[PDB]
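Protein chains: 2
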Amino acid sequence: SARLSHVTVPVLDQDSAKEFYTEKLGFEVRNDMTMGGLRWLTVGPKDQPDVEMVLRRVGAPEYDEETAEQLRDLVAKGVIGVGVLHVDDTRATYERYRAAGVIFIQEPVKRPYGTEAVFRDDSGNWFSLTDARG
Amino acid sequence: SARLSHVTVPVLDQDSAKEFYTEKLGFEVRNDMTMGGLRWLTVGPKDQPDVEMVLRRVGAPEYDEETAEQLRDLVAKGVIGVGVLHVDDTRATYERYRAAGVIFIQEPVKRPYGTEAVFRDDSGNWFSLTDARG
Ligand SMILES: Cc1cc2nc3c(=O)[nH]c(=O)nc-3n(C[C@H](O)[C@H](O)[C@H](O)CO)c2cc1C
Numbered sequence: 002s003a004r005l006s007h008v009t010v011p012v013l014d015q016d017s018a019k020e021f022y023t024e025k026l027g028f029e030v031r032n033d034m035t036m037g038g039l040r041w042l043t044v045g046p047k048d049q050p051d052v053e054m055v056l057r058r059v060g061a062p063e064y065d066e067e068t069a070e071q072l073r074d075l076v077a078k079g080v081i082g083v084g085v086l087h088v089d090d091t092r093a094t095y096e097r098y099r100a101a102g103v104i105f106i107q108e109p110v111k112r113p114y115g116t117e118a119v120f121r122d123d124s125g126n127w128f129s130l131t132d133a134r135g
Numbered sequence: 002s003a004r005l006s007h008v009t010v011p012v013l014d015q016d017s018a019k020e021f022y023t024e025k026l027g028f029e030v031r032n033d034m035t036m037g038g039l040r041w042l043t044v045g046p047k048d049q050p051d052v053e054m055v056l057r058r059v060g061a062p063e064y065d066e067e068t069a070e071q072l073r074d075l076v077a078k079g080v081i082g083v084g085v086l087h088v089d090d091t092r093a094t095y096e097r098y099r100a101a102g103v104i105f106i107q108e109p110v111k112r113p114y115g116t117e118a119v120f121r122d123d124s125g126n127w128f129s130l131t132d133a134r135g
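Note that the protein sequences, when read in sequence, are chains F and A.
If you want the authors' numbering, it's the position in the first sequence, counting the first as 1, plus 1.
If you want the authors' numbering, it's the position in the second sequence, counting the first as 1, plus 1.
There could be a bad hint or two in this list.
The list treats identical chains as one, so a pair stands whether inside a single copy or across any two.
To be verified - Straight line, CA to CA, 20 Å or less: simulated SDA-like cross-link-like pairs of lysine to any residue:
hint: 1; residue 1: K111; residue 2: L39
hint: 2; residue 1: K111; residue 2: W41
hint: 3; residue 1: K111; residue 2: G38
hint: 4; residue 1: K78; residue 2: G60
hint: 5; residue 1: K19; residue 2: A3
hint: 6; residue 1: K19; residue 2: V110
hint: 7; residue 1: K47; residue 2: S6
hint: 8; residue 1: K78; residue 2: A3
hint: 9; residue 1: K78; residue 2: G38
hint: 10; residue 1: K47; residue 2: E20
hint: 11; residue 1: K25; residue 2: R4
hint: 12; residue 1: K19; residue 2: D132
hint: 13; residue 1: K25; residue 2: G115
hint: 14; residue 1: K19; residue 2: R4
hint: 15; residue 1: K47; residue 2: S2
hint: 16; residue 1: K111; residue 2: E63
hint: 17; residue 1: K19; residue 2: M34
hint: 18; residue 1: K78; residue 2: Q107
hint: 19; residue 1: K19; residue 2: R99
hint: 20; residue 1: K19; residue 2: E66
hint: 21; residue 1: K78; residue 2: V119
hint: 22; residue 1: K78; residue 2: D123
hint: 23; residue 1: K78; residue 2: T9
hint: 24; residue 1: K78; residue 2: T68
hint: 25; residue 1: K111; residue 2: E67
hint: 26; residue 1: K78; residue 2: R58
hint: 27; residue 1: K19; residue 2: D90
hint: 28; residue 1: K25; residue 2: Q107
hint: 29; residue 1: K111; residue 2: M34
hint: 30; residue 1: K19; residue 2: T116
Derived from the structure by calculation, the hints contain no laboratory data.
Same shape as in the complex, but just chain F:
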């Protein structure tokens, strides 16, 4: 009975990510704790307890120094898509997030499955934001 509890999000700076996720997206801090130099910083939306996002530092030691530079570069250019956030109304969440300071790379567009928008976090990772259409 394996289940997914957390999703790894590579971030450029943990303090900056923590602020973006909690103040801009309204997520809450589920863990913030350090063990052997590793800051275990996890966040999730207010409703969903089963799945957290791990805001994982990209740097020494868990990343080799060359590897780091290459990941950190792919992250800043928006190549890492974390996944899909499902909400009741994409246009409402769009405007809420946008009025806080979230940068959208795609405004809400109607798709066969719902209304979809695309935003990016503070590092440049992207999320699709989705509806079953209002």
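Given the structure of chain F, go ahead and fit chain A with the ligand onto it with the hints provided.
For chain A with the ligand alone, coordinates are given in the frame of chain F:
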């Protein structure tokens, strides 16, 4: 309100990823279809109907070929950590997973929070496998 419904998993080849996730891990196929020339393929744990893992081809349309090549190299080198699977017993799951061809790169190890192992899929992406045992 918000929840994370899909997690993106960058795969090298989709047919190969589908076998790994369904045959080795025992995940169920929640979606498999095409439109355009693009394959929407999602899988998930049996007991977790609310989260899908999107097995996304790293390749042309969606990724330019420079970016695509750089991410295929990172993926193949085990740089991309997808997330954390939670089980009742890491050591028993490690065993059951080893029985089908799952390659662990970290064996079960006692940590302040639980016992942790680390495996890789057929592309090279890695998962933490965790429990609450000491
Ligand atoms: C039948 C079909 C269903 C899809 N359903 C969804 C969906 O429910 N949510 C979603 O984010 N994307 C869905 N996608 C595609 C995906 O979001 C899209 O190709 C990328 O986000 C664009 O880069 C679907 C694609 C197909 C062909």
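Worksheet entry | Hints that the structure is at odds with (numbers, increasing) | 6, 8, 9, 12, 13, 20, 25, 27, 30
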